[PDB]
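**Student:** Spelled out, the chains give:
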Amino acid sequence: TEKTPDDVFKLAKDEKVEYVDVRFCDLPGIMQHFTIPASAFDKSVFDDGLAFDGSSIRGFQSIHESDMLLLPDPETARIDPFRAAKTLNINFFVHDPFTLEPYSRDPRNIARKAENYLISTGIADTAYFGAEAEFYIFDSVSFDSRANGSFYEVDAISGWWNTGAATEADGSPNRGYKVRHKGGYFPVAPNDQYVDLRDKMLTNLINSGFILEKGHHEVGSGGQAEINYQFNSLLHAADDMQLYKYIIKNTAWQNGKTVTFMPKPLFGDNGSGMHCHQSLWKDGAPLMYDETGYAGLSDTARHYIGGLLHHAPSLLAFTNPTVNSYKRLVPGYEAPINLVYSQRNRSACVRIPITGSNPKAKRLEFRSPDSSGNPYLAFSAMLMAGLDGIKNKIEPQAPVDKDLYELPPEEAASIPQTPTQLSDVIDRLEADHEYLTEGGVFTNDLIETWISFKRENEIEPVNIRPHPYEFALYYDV
Amino acid sequence: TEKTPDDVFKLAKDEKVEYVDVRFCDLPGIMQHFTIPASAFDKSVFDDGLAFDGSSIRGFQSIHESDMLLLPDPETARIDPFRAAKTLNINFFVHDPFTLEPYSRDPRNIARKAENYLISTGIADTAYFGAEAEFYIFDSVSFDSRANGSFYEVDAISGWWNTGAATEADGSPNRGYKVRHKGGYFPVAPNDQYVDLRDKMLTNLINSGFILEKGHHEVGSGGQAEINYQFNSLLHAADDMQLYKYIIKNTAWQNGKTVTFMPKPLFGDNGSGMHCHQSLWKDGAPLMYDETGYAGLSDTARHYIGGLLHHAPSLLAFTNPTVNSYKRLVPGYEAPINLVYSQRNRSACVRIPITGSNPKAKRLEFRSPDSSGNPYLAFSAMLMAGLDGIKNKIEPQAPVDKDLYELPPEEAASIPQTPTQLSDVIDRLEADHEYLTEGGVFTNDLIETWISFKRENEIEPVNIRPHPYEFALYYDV
Amino acid sequence: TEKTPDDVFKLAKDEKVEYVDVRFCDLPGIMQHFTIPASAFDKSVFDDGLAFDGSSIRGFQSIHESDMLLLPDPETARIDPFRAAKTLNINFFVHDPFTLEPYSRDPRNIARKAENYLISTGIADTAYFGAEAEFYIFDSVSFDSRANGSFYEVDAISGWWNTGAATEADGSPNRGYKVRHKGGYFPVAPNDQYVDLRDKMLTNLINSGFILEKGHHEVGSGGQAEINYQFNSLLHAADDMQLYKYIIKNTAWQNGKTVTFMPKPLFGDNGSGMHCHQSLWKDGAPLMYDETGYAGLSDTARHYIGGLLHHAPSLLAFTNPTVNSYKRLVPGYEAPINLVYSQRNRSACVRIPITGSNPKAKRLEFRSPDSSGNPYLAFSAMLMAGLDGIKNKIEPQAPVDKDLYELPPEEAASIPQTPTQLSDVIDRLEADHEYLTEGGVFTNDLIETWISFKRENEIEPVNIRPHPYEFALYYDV
Amino acid sequence: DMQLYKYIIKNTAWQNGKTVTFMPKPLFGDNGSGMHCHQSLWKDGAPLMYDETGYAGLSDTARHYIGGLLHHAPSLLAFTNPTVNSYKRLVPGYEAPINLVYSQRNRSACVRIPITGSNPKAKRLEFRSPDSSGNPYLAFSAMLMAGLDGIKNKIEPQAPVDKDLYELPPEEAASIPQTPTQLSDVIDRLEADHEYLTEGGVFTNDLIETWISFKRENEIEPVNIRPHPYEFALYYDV
Ligand SMILES: Nc1ncnc2c1ncn2[C@@H]1O[C@H](COP(=O)(O)O)[C@@H](O)[C@H]1O
Ligand SMILES: Nc1ncnc2c1ncn2[C@@H]1O[C@H](COP(=O)(O)O)[C@@H](O)[C@H]1O
Ligand SMILES: Nc1ncnc2c1ncn2[C@@H]1O[C@H](COP(=O)(O)O)[C@@H](O)[C@H]1O
Ligand SMILES: [Mn+2]
Ligand SMILES: [Mn+2]
Ligand SMILES: [Mn+2]
Ligand SMILES: [Mn+2]
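Protein chains in written order, with the deposited numbering: chain L, 601 to 603, 1 to 167, 500 to 502, 168 to 286, 503, 287 to 350, 504, 351 to 450, 505, 451 to 468; chain F, 601 to 603, 1 to 167, 500 to 502, 168 to 286, 503, 287 to 350, 504, 351 to 450, 505, 451 to 468; chain A, 601 to 603, 1 to 167, 500 to 502, 168 to 286, 503, 287 to 350, 504, 351 to 450, 505, 451 to 468; chain G, 234 to 286, 503, 287 to 350, 504, 351 to 450, 505, 451 to 468.
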């Protein structure tokens, strides 16, 4: 919204930049890259672009459209804090050679089109996303899948399951302070073993332009951690999420650790979710508040929430896209499984943080998502679910500030939950996607590609492989 | 149909029997037991019975019905070939103390009631079952489920995945002959490493009264094996299956091996199924044939087949009752996944073996079942599916002798398959069970108990635990 | 030619036979089996047969022909000397249920049809085959094929490559006598380490009806060995070869060894071949001799030889059917690579043993074949090559008693050799197979099946995998 | 530059505790390593490979050079893909340029004309089939001689395939020529297809005879006489 090309040249110029890392997002959600010498990075890359050698088989920009044009997004230019050779990282939008038309399967293009569509509805001219991604810090991870056996094991020298260890990771003595204490989850050192590592991560984020002003905290619980930062407009909020994951993973890596953002790495500990705060603004002021409406919610907010709860079953195909997502979205660890909004029920898919009569502070929060997917597609899908709700004025059900345990499990069973497996949401998406195709944001092809990838690469592979617990249950049958 | 109490006394008398093993079947399918001295086993046990100390919490004969009466089934009396102290094994029917009424949750009672109901329909007075259960012979099995990891591993010294082993199970040299050859699956020794063990198993079966007359073969393929034997009337065919599994497991056990009847112990090898042949007879002659009908099938047979294919989705809840069942009933190893009958398509749920114009040899075969459950409940459910088809004359679809690959996948997609997960069939049963409750064979309570047990003890436990392959797919997200 | 069903019953009756092993040959050449109780083996099996449960995917008796009928060959009935439970082994011919017509892809049926066709030509009424199969006796074998590496290793405690070993296979001292001596290859003990094992093998062969009358010897050289026995009519000579391999492999197995009949298990030692002697007889007297003809060869013999040399390039597809066959048929170890007949040149594909003026002793010898394939198909293909030569009177080239080294390599280059790779002979067969389809002995389908199997299961798999020597040659490129 | 590049890559890895390989197929189950070569002819200081009237903006100078490449490819590969390992890459998979057709599209085609539009200078052809297992001096020279035999004699190949060869009948897709399958094949194809090489005295018969001798005695025969590990998996039990 403020930075342009020439400024990127000054960042590169002032920093004695040796290399420029060309980044773009693949379908599932991992950033791809190739590097060019800094000397080859000038005005030509911006207006004219760079061709990316027609790669990949199972998807993306084929070969009868052979090459692609990579146009840089100057807002995403950041100095890499890990690479020895001074490098500038920049995200690009993918195009084709016939009419240089933006590739409809580039996740970054879907997010930008979603922002443009917001404008094409007249509702607002800005969608703000403030996602808080949790992660685990481990020391090791190993796994395999063979004909006669399979295993996995994540380990943390100071993990709570290691209280009985004779010696430590380096042969050093077991000094304790591993066991977690019932209930309260954020003890100070030495129970907190990752204080300095989390600080390096936060320092790296702050040096990479992350805004830490309002209620932005650095929190840790055992091996789990979260560093929330200020929101941004849709597309660039998704870019910030990718940058965040990159900084978290590599800070851990350079400090002898290994991080995972998977929804459920531990059976017996908190899952990792991506709690996303949303709101619509216009001309420079809020649109989510009204004291006459519950929790200080405007009629603009209630209907966006209506769309989220109505389309949730299919929305989850982009919001909780993995098989592992459903080990978190299962009975436990108050993971947003209930399809109701409220300032109270945090186990509710949507939570309106207590912000009173302040129109600007008023925001909704879809707590159900996780960080196992594509933030560009997830945020875009969330907007499309909400826009289908505001325009068509979709009315959901009453907010539940009254907790669902003290209540009859008849009216608590009538409280909808989301599907139980990835195969379910992929089916719910296969049938609930008109809101997605509106304004040409998501194409049928893109949705068909996502469904294909998930079934062939995730659902079926896990499904054909016997689970270790099946041996505990059935070897003796 | 021929043996009575006094004969059981002579078997025990002639064999210098020291102990009598009192056996009964639990809900999921494993035989339970307690032993009494042979001297305490007389006419009193038969007409009066034995009380079984009010046990078990999660099910069966509670405590305000406190005790049970165990009446012996003289047809099931067999000398145990494994127990050092000479023992006679006998199966019992479970009862209660108020009116000594047969407990409606005893699997053996469900099977006997099914035989009585066959008679109460007038259709026939005998249901013959000839099931062929496959199994794997291993050398070891280990597995666990922890907070930070999980694994399983089955091993066979001469398993095909061990071609590269430096030495063997006992430090002895790797002598080869492990690799399996593409296509053909029954090579002679030394590729066949279990010749003598299978012979001990067959010798033990023959000594335990198993009839090996017609096309009954002893076959082995790698570590997998099958020893089919002559059919029997429903209840006692289920008793024979339990006896068979007992003899197979313990012959392996006494010979330094470990057997498993689980549907899919190996990812990359044939699954283990329970191919069940069925037929209805009356007064002493067949009822399944007619040359005018396809494959020499009478109109009595076609409708039984109609019921099987119609009720299959729910029938599988008793026929393929485990989570592991669905690793076999998945795309591959021509496991009966297609809901059509035929003399040809073996990947079809039902196969009518080529028996020509012989009314007696004419029989249908439900190849979809596996040995992971309860044979009493599985056979009974199969009969009830077929009886709902004969009486109400349920017409299915045309037999497919023409293989489904060479054909358009439109008409091949219209070819129904069974549900994909255990949770699906449990849902299909929850709604498709009227045929089961007919004649009071299966009670709503029994069906409700089965559904509860499966959801709480199998479906949910596996579902909440991360699969090892999820780490391969998502640790790096 | 002499034994019938009733005699088989007496063999089984006199020997207290517990089991009967039903054997049949698969496409590539390995015997398959299933066992039935001896009590189920009576007159019914002979005239009526046994159905073999419609198995195998990649070939053989499909499923719209679902079942097969197994008719026993009483000439092949032998008592198994290895199986603990007294067993009778018998080979069967494969059939179908529509008109019980012999399956045209059963190797044993191809051999029997070849014998019948010999009669349908009027040329003779008997084809005699006397093949001598060599093999290696090892102590161990291990190998694998992975993404980043591959290996294989055969070992023999007393192998000539182990002269430097500090201790032996069992930790015992290295007692020497391993090194082979230049030239002469059959030293007495202790250089000969397998004297007693070879004797057990010969004793087992003799007890299994193998005729050891004429120049039948038991010979050993290092770990290699050969026990030649008396010839037999085509089909049953192929049955004897299967029995021989079975007895050799299992005698080794029960005595802590492992045998291989592969053409070239060792790089630096003699390959293993199957030198096959042939001849045509009629009414009870010979047809291969004439003093007027070279080496005492009749005009009947010269033309059979003409067919062998003419059709050799394609004949080798059944005669030397593996990729490993071509490590033997390469420059070295005088393996019959030259397409000329002679009493002299043993490196010639055909060798007429010195038998002088004796019409009966006169026989031709195709020394090129190995034991890596199917003897039924190999012998049949040899007959068809020879019959195409006798009938059409195919004239080859002059016999070479004069060795091909002392001679100009111009006239020695004009001396044809056989193709260099399996892919070559499979191509030569794809085009040179009319002699095979004559009289309906080999069907186009059978030949097409063989070509498919070889390309997909052998040629391509080996071809796509980098050879270890490529790393020695090219890692540094 | 190619020799210098390999030297710098290998030794940078070496001084940093690693070991590099340029062999065509070091891994069974991962991408092979190829040497995608872009070519073009220039005169006096300006391009000669472009023309909008011609397909992909190709001049008649370019089409015939491409004609020579596709015509002589079977023998050209003896210098362009000179090792036994070269044929583990040039096998069905990892879109290795196995098809003898040029195109801006089919990358599995031996020749690919990168999208460069109407810019005469940017117009270049790309022989993607080669690998780095041989001699770059001989490989580049052989490529030029294949192309020069095409421009002078005006050798016309076949139509460019921007339409991918999977969606199409495997009859017209089988008529689409591929290169030989083994090193022994290309060495034979060179033994007979080398006049373009001897033109102008660039490659001598002796040099070609030396190459053929070296390959047969030092590479083809040595690998051929040695049993492959997979043969034990397939045949130990025969
Ligand atoms: N319109 C908005 N106004 C203010 N904050 C927002 C808006 N849209 C999204 N947010 C994000 O709400 C997130 C934090 O939640 P919490 O765990 O309650 O501290 C932050 O990441 C915010 O910056
Ligand atoms: N009514 C019946 N008549 C004859 N055999 C039957 C009947 N009902 C069930 N069977 C069983 O069919 C089974 C065998 O199948 P297969 O794998 O084709 O040899 C055996 O276990 C038979 O004994
Ligand atoms: N017609 C025949 N007359 C005599 N021996 C034969 C005939 N056809 C094949 N043979 C076989 O020739 C083989 C032996 O060869 P050798 O290594 O020279 O001792 C033996 O296995 C013979 O029994
Ligand atoms: Mn939150
Ligand atoms: Mn069956
Ligand atoms: Mn010989
Ligand atoms: Mn390229």
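No lab work stands behind these hints, which were simulated from the structure alone.
A virtual CB, placed ideally from N, CA and C, is assigned to each residue, including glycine.
Wrong hints could be hidden among the right ones.
Said to hold, decoys possible - Now the stretches of chain A that chain G is said to cover, found in silico as 3 or more residues with beta-carbon under 8 Å: (1) 141 to 148; (2) 158 to 165; (3) 203 to 215; (4) 316 to 330.
Stated by the list, open to error - If you only want the chain G side, here are some residues facing chain F, beta carbon under 10 Å, derived: (5) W247; (6) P452; (7) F462; (8) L464; (9) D467.
As the list claims (entries may be wrong) - Listed below are the simulated DSBU-like cross-link pairs for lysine-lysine, each with C-alpha atoms no more than 30 Å apart in a straight line: (10) F:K194 <-> A:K13; (11) A:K276 <-> F:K194; (12) A:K385 <-> F:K208; (13) F:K83 <-> A:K83; (14) F:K251 <-> A:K110; (15) A:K40 <-> F:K194; (16) L:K83 <-> G:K251; (17) A:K172 <-> F:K208; (18) F:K194 <-> A:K7; (19) F:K239 <-> A:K7; (20) A:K208 <-> F:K208; (21) G:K383 <-> L:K13; (22) F:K208 <-> A:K394; (23) A:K40 <-> F:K352; (24) A:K110 <-> F:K176; (25) F:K13 <-> A:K13; (26) A:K176 <-> F:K208; (27) F:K83 <-> A:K7; (28) G:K251 <-> L:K13.
**Student:** Taking the hints in turn, state whether each one holds.
**Tutor:** Cross-check of the supplied hints:
As drawn, the region 141 to 148 of chain A meets chain G at 7 residues by the rule of a beta-carbon pair under 8 Å; at three or more, the given contact holds. For a cut-off of 8 Å, the count of residues in the region 158 to 165 of chain A with a CB near a CB of chain G stands at 0, and the three-residue condition is violated. Counting residues of the region 203 to 215 of chain A whose beta carbon lies closer than 8 Å to any beta carbon of chain G gives 0, which falls below the threshold of three, so the coverage claim is violated. Remark: the region 316 to 330 of chain A is confirmed as covered by chain G, as 6 of its residues place a Cβ nearer than 8 Å to a Cβ of that chain, reaching the required three.
Given the 10 Å rule on beta carbons, the hint for G:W247 is violated: about 29 Å separates it from the nearest Cβ of chain F. Taken as an interface hint, G:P452 does not check out: its beta carbon lies about 25 Å from the nearest beta carbon of chain F, beyond 10 Å. The beta carbon of G:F462 comes within 9 Å of a beta carbon in chain F, closer than 10 Å, and the hint placing it at the interface holds. With a least beta-carbon distance of about 8 Å to chain F, the hint placing G:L464 at the interface is held under the 10 Å criterion.
Proximity of G:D467 to chain F holds as hinted, the smallest CB-CB distance being about 6 Å (cut-off 10 Å). A distance of roughly 17 Å separates the Cα atoms of F:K194 and A:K13; the hinted pair therefore holds under the 30 Å criterion. Restraint check: the Cα-Cα separation between A:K276 and F:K194 comes to about 49 Å, which exceeds 30 Å; the hinted pair is violated. Taken as a hint, the A:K385 and F:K208 pair is broken in the structure, with Cα atoms around 53 Å apart against an allowance of 30 Å.
Under the criterion of a C-alpha separation no larger than 30 Å, the hint pairing F:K83 with A:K83 is consistent with the structure, at around 27 Å. The suggested pairing of F:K251 with A:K110 is violated, with an alpha-carbon distance near 45 Å, which exceeds 30 Å. Restraint check: the Cα-Cα separation between A:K40 and F:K194 comes to about 27 Å, which is no more than 30 Å; the hinted pair holds. With a C-alpha separation of about 23 Å, the suggested pairing of L:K83 with G:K251 holds against the 30 Å cut-off.
Distance restraint check for A:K172 and F:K208: the Cα-Cα separation of roughly 55 Å exceeds the 30 Å cut-off, and the hinted pair is therefore not satisfied. The straight-line distance between the Cα atoms of F:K194 and A:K7 is roughly 25 Å, inside the 30 Å bound, and the hint therefore holds. At roughly 35 Å between alpha-carbon atoms, F:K239 and A:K7 are farther apart than 30 Å, so this suggested pair is violated. For the given pair, A:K208 sits about 45 Å from F:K208 by alpha-carbon distance, which is inconsistent with the 30 Å threshold.
Straight-line distance between C-alpha atoms of G:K383 and L:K13 comes to about 51 Å, which puts the hinted pair past the 30 Å bound. With a C-alpha separation of about 64 Å, the suggested pair F:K208 and A:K394 falls outside the 30 Å cut-off, and the hint is violated. Our distance criterion of 30 Å between C-alpha atoms is met by A:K40 and F:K352, whose separation comes to about 21 Å. Among the hinted pairs, A:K110 with F:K176 is consistent with the structure: their alpha-carbon atoms are about 27 Å apart, no more than 30 Å.
Between the alpha carbons of F:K13 and A:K13 the distance comes to roughly 29 Å, so the proposed pair stays at or under 30 Å and holds. With a CA separation close to 61 Å, the supplied pair A:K176 and F:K208 exceeds the 30 Å bound. At roughly 37 Å between alpha-carbon atoms, F:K83 and A:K7 are farther apart than 30 Å, so this suggested pair is violated. The suggested pairing of G:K251 with L:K13 holds, with an alpha-carbon distance near 29 Å, which does not exceed 30 Å.
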